[PDB]
Each structure stands twice: as structure tokens, then as C-alpha cells.
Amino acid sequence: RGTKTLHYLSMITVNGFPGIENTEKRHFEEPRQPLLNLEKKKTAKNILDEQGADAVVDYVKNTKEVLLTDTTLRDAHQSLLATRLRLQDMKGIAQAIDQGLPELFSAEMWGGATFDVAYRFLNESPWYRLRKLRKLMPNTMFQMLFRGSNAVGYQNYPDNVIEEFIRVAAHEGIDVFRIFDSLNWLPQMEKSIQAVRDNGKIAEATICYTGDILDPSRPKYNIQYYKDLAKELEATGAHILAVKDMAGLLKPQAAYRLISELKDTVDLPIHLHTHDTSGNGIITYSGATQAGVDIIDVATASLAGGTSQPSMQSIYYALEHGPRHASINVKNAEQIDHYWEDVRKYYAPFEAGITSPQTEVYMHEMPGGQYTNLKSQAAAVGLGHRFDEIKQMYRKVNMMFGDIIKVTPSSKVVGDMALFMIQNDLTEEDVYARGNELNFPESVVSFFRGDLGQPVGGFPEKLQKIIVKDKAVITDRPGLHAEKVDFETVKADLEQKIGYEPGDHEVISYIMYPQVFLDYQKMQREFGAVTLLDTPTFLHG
């Protein structure tokens, strides 16, 4: 692999890394290796391996402390580093995390945007990352973010593709599947929940939080809605109930109220996921801890705060002498955090910039990722000045869309509309009047055609016809209409294309990212395993 490696090194030395400025290669010291005090603690991963998922949920229930999930490997750098954290950097500290923090309920290391980004921009396989980390991290439960009826892709897939993906992901190491739907619609969740149960893994059924349950002017997503959705989620056999707060909208008094009402509505342990965008993540988690939440999502201090999760280290001290403590070795966590502080410096080209708590997110409930994508695709098309009012436009088109849940990929729908109207000086009242000739963004017509599922309360019918002029509108699961996929023929059609017989993970990767996977194969032909280079060499030559 010498010739491939020198070819890549020459390419980056001379033409720079695509998508970032050709900064000169900097001198970096070796990241600090942690000094750890180690104990053998019989992690939840061991319980799952030995006695199944029901044993794990019994363990979670009988834990007095609040358990932690480390999001450093997925959501922290999705929020902060544009999902660019490389496997080479993970593997330098994976064993330290696994051995030094056995108290961790799980590490969220897969799913979300990482699957697409690894292939597309890092030229490393997500499956390879999962395999290497699983070998390095044998005692920590691995958690993935699963998007309901579309596993890690965007388009809806037939059910067999989803089930085969779940089986392969569970065979290759994933233990906990946080399954969610972009509109909190059960029919998109239940099949994949069943598949996770059948593969012997833990199913986390997720309710996306939106709006404000303690504000009576927004009764659509009131607390009763959350309780009913929770009851029905518990009716599907999900092992855990997660409460995804993708935008950090959950506020401390609502979190305590919400968790407590869910707590006496269902019997599943509750997993709380919040983002620190508003600066209230720690107090929200503390409020949920009082209500009796079981697991909370945190990130290491160096990749925490801002649009990421609240700090793993700070939440410990926030609870140190209260009735409920955090289950973590905080001294070991502080040592591991030194490694992450240092390797973050390699990812300077991907940093967002000066970050301070922003409560504007309470008004524009756009998640952090959707926030950067609107920074990256408003100014780039000449509207960076107006970004502070397209945020207001984002607020408006959500209300005209019927006040929908804004998480991937439904948050891309709202942003596409709002950016489109500002791009054409369209107010709300003209799209109802001059809307019969406008060409709405593809993501908007597809959403109003039912391709993302059915939102709560349906569509604003009059507005829907204005959008989907002469197109079929479906009202059932989009996957029910999905074109059938036969894996054996996909294996044949792929083997002829990549030059070798693919494993079962490469087949599903090809199915859910056809062009991306094949573009990754081309680059592996040209450059080979660029995943083995260190980040400064990978990025700057």
C-alpha cells in the first residue's frame, strides 16, 4: 500500500484537502495519554452478553445512580467537528475509555451522520470503524442512532433492507439501537424495534421532544401527547424509552415535569438526550435526575457544550452531593479528556467558531446540524447577511407546515422551504396565492407527498395541494410502497462493480448509499486505507 499512500500524500501536499483551506502543516505534540486508576466493574455490556436485554433493563432499573452514555464518538463531533472525527484518533483512546469508564451505560459511536460522512469525506468505512472499535472496546455497550424506517440513509427503504441492516449492525457490534422517527410516527419505528428485539439487542424507542409542554399557547405537543406516545411505544416491546431533545428545547422545569409524568405512565427506563445549545443542558439533566431519569447523554468536556451534549465531567460535580449521583469515574474521565483536548486541535479547519450559549434556539427550533447547514448554504449563495431573518423565516415555515417535529431529515424540509422563500422574497401570504407556479424544493414536495411519513395533525390540506400539484400523495408508510430489493442480485451487481465479492455489510452499504459507496471504492483503489494516517498528515499532506 506504499504506492497508494504516496499518491494520497502527494495529492494532499500539492492540492490540499478538498473543502478546506490549504493551511500549512502544523507541529503537534503527541496527545497526552491518560493515567488511569482501573477497577473491574462488570459493565452492562457483560450483562447483555451473558443474560440478554431484559437483564440489562433490570440492571438499569435497579441502579440508584443516573447512568451515563458517552456521545463523544458520535454526537459530540457531529455537532462540533462536522462529524469529521477520524477512527485513527478514536483508536488512540478507545481502550482508555473502555477500561477507565466501565460505569458508562454505553458509548454512542455509530449512526447519525457518521455513516455517510465516514465514506463520503473521510474515505474510511463506517463498518471498519465499528469493527476496530469493537475489538478495542470489548466491555462497553455500543450505541447507534437508527432513523426508524430509513436506517442511516435518507430515502425510505423496504422493510427487508432495514431488517438486514439491523442484523448486520448487531452482528458487527452494535448493542443499543436508539430508534427514532422524524415525525414521532409509530409505523416507521415498530418494524425496526422488532428487528432489534429479534437480533437479541436492546431497543431504545425514541420520542423526539419539540415545542414546550409548559407553555399553554402550544397545545399540539402538550404533555398528554408525550404520555400517549410513550404508552404506545411501550406497547411495542422496546427495552428503553429515549427522549431525544435534538435542538435542546427541553427546559429545566419542563424536563422535571416531563420525565416524572412519563415515569409514572410507562415502566421502561428513560434515556434522556439533550443538547447544550441554550446553555441549560446541565440544569435540564439535573432536573431530569430529580424526576428519576435512568440514563443521560453526555460528552467529554473537550467536545462538550455549545451544540454538543452537556459535559460528562461537569454533570458529575453538578450532582456530587445530591440524592442521586452520576455513575462515572470522574478522575479517569478528566484524564481521558486530556487526550480529546489535544486531538481536537487537529480538526481546526472544521471548527464552527466562537461559541456562546444561544437561547434563540427556543424560537427557531433548528438542531445544531441544521443550523450549520443553513450557515453553509445561505452565505454561500449570497444571503449570509440575512441569516438572522431566515432564522425567523425558519420559524414561520414551521408554523405554516403545521408545526412539525424538526429532526433529520424533516429539519432539512423546513430549512429548504424557509431558505427558498427568502431566496424568492415570498411571504406566507403569497405562497397561498402565487404558489401555483412556484417550483418548491424537492425535499418539500416529497415531504408533502407523504415520503417522510405522516406528521401529527396531518398536513395543512390547502397548503398541501399548492405544493404537490399533480403528484400522488400517500398516507401510509412509505416503506410499504418501496421497491423490492433482492440481496443476492445486489451481491452480483456489486461484485462486478467493485472487483471482489462483498461481505454482507458492503451489500447494505451499497444499497443505502449506492453512489457514495462506489465513490469510496474508487478512492480505495486510488489511495487505499487513508484511515491509517494521522489526522494532520491526513488533512495537510
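Superpose the two forms; the largest set of C-alphas matching within 1.5 Å is the rigid core. Positions refer to the first chain, counted from 1. First, how it differs from the form deposited in another entry.
Residue shifts between the two forms, rigid core superposed: of 363, 186, 348, 379, the only C-alpha displaced by 2 Å or more belongs to 379. Core-superposed comparison between the two forms: the Cα of residue 320 travels less than 2 Å. In the core-superposed comparison between the two forms, residue 127 has its Cα shifted by less than 2 Å. With the core superposed, residue 225 shows a C-alpha displacement below 2 Å between the two forms.
For comparison with the form deposited in one PDB entry, provide the form deposited in another entry.
We keep it simple here and write out only the one chain, dropping partners and molecules.
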């Protein structure tokens, strides 16, 4: 293990870290530890552990204050630091988060891009991160982002594989599952919601928000569509209705109107998630709080704003003398934020540089988590200086696709198509004329084949026939057309490849990301557990 550690240190010292400039390792002082005034309170995690998920729902319904979900550990660093936040810093502050802020409804620390990114770039197992954080935070409810039938991947998976992931993740410590479909299709969500209910955890059925409900010129996603979707999601027995504003498109007037209309539609508590990209995130949460939203998603101030969540410390003072307060220890949250400000300086190579709010997001509707990666993807392909060009193409491709809901994995499809169009200098009537000779990206082809489900209003018929030439097109759930994976045969071949008997979490990781998990195991054999190094040593040797 010392040999592997010295091997990694020498490799990074000599050849640099992949994907960043081989800069000098700056001397960092130790991050500031919080000084906390601890109050022993009963949390929602305790209610779930003792009385169950329905009692957590009743406790949320009986809370007059708005509850807070901390997205610092997943979404804040996904939006700002390209998901590169390492378990070392999280474990530096995890106990202080669990004790100093027991008023949090949950902490979003898993799922989304973290599962892919930890394995691929950080060379640490997300299951290991979940275990370490679960040990460090026993009284904090753990929330994960689950992309329905797409799981933590970008493609459809069979239903038994989804159920196995939900079982293993619930056993490992995930308590709240935020389940969403990229195209807001209920059949993609039903099996995941049922599996979460069967595992005794909290199922959050999510409505992805797009467009403007207060704009009469855009009637595709109006208020009646969202109300019907909410009623259908309430029929599935999900515990909490979630509303994902992934690009920060929910205006505060719309936020009041949408939440109030959802409250008289369904009896579920409403969990609102938005990004502060337009700069209106705080006033959107204020509008939803006046409308009676139950839980909102906030981040610590040093990792908030921009494409990330609205600030947890800011939302306290925004609601400080209103009818509803935010349920948080604001003095403990400010002390915890001192740590997060210090460790953010470690991730300077991954800084987006997004210094200003953009109201242009109301036009292109790029999700906050996709803002950095789509720009970095243009840099790798050589059009990174043309980001505003691909942002305009992102608007056009969404219109060509039929004004779809853009969120992972559907936003990746629009991002890949927009990058492919600019790289080849294509335009809208050009793909309609020359698309037969053109070779579209695999994500675009699979999306029009139906791998991501059926969009609202269906695909455009002419564009679909151009994009998929002779491949089979399905009109139903892609999970019905996925072969059931036998976990015994997968465990046998994985043991042969990695040299030891894998766990249930390791078998599931091999099904989610076969090449990525195998590449992670090879680096583990070469460099060992590099997650134990601090971030400047991990990044600069």
C-alpha cells in the first residue's frame, strides 16, 4: 500500500493530473473547523428509523416551517466544481454537518453525476463514500438522485437491475430516493417508486419543470399538464412530490402559482428543487414558501449561487420575520460554511468561472449541472471558445426535437446534437435534407429509438426517420424490451475479472458502468486507495 501510494505520488508529481494544467502545488493552510452550539433534536432520520416513511411524511406535513435539504455534497459541487468534490473533504466536515444542523430534512450526497464521476475521475468508489458518510452522519437522512429507469446512468436498465440498485442503496444507507424521468414519463418511474416503497424508504416522485406556465404563447407545458402529472404521481403511492427546476426556469410568480395549484391537487408534501442560474433562486423559494411548499433544496453559501442551489444561509434571512421561517441553525451553518470556503480553494482547476447570473437561461434552458460539462465538452472537441454558439444551437435543437424536457439523460442528447451540429456546420433544414448521409451521435440515435422513453407529444416523425435509418424503433417502455440480467452469472464473470468475490454493490456497479468499474479496479491495483490523500496532494502530488 505504501508502494502504491508512492507510485501515485510519483506519477502525479512527474506527469501531472489528467485534464488539468500541471501547475505548482500551492501551500494551503488547514481548513477552519466550525465552533458549534449543539442542540440535541429528533430528526427525520430518527422518525424513519423508528416509525417509518409515512411518519416522516406526517412530520413534514405538521412542520409549519419550511424544511431544508442540503445539496452541498452532491448538486452544489456538481454544478460548480464539475462533480469533483472528494470524500476527504466531505469526511472532514460530515460530523459537523450531522451535529450542527440536525434541522435539515435530508442531505443530498449521492446519485446524479457523482456515481459516474467518483469512479471515472476521482478513483474512489461511490459505495465507499456512502458508507463513510453514513458512519459519520448517523442522524442525517441521506438523499440520492435516481433517474428512474436510467438509474445513475444515461441509458435504460432492466427492471430487476433497477430494483437491485434500490435494494443495495437502501441497505447501504440511502433513505430518500428522488426518482425522476427525463421526459416526465410515469411508466419509467413506477417500478423505481415501488421498489423504494418495498425497501421501506421514502420515494420522491419528481415533476421536471420546463417552460413557463405563465406564458400563454407556450402551451405545451402549462399548469394543467403539471397538475395531471402530479395526480398521476400521487396515484403511485409516492411519499413526497418533488418539483425539479433543473435550469432555474421557475419564476417566482410561477413558483407561487405552480405550488399553490399543486397543493390543492395532491395531498403529498411538495419538495422544490431549483438552481440560482437566473439569480432568482431565493425569490423563487420565497414564492413557493408563501404558497406552502414543504421542503426546499439549498447549498452552503461558499458553494451556492450561479448554476448551484440558492444559499442556505441566505434563505434563512430571507424568511426570518415572515409567517414561515427556515428550519436551520444559521449560526452553525455559517460556521460550517467556513470549512467549505477553505476546501473550495483546493478545487481551483475545476472552477467554472461563472461569475454572473444569466437570464439567458430562460432562453436556452440548459440545466445547471450540465452548464460546465457542455462547455468542457466543446473544449475537448475544439469549440470551447464557441460556447455562445452552441448555446444558440442548444435552443434550435430543442425546438427541432419538439420542445422536450432537458434533464439528464435527455439534456445530454440535446447537448450532443448541438455540439455535433456546430462541429459539422449544420442547420435545421440542412439535417432535413442531408441527414441521411450524416452519422448522428449515439445518444441522439438511441433517444429517437425510444431508449429514454416517449416524450410529450411524441417525436417529430420526419426528423426521427432521418436520424434512425434502419434501426428498430420502440413506442413503449424500454424496460419491457431489456433482457433480465442474471446476477449470478454477472458475479461469476466479475470475480474472474477482478480477482476476488465482489459484493452486491460491486456487481451492481459493474452492470451500471462495465468499462468504468473495470478501469477503476485496474487503478486500484496500481495506485491503491487514492481517496485517502488530501485534495492538493491528490491533484498535484
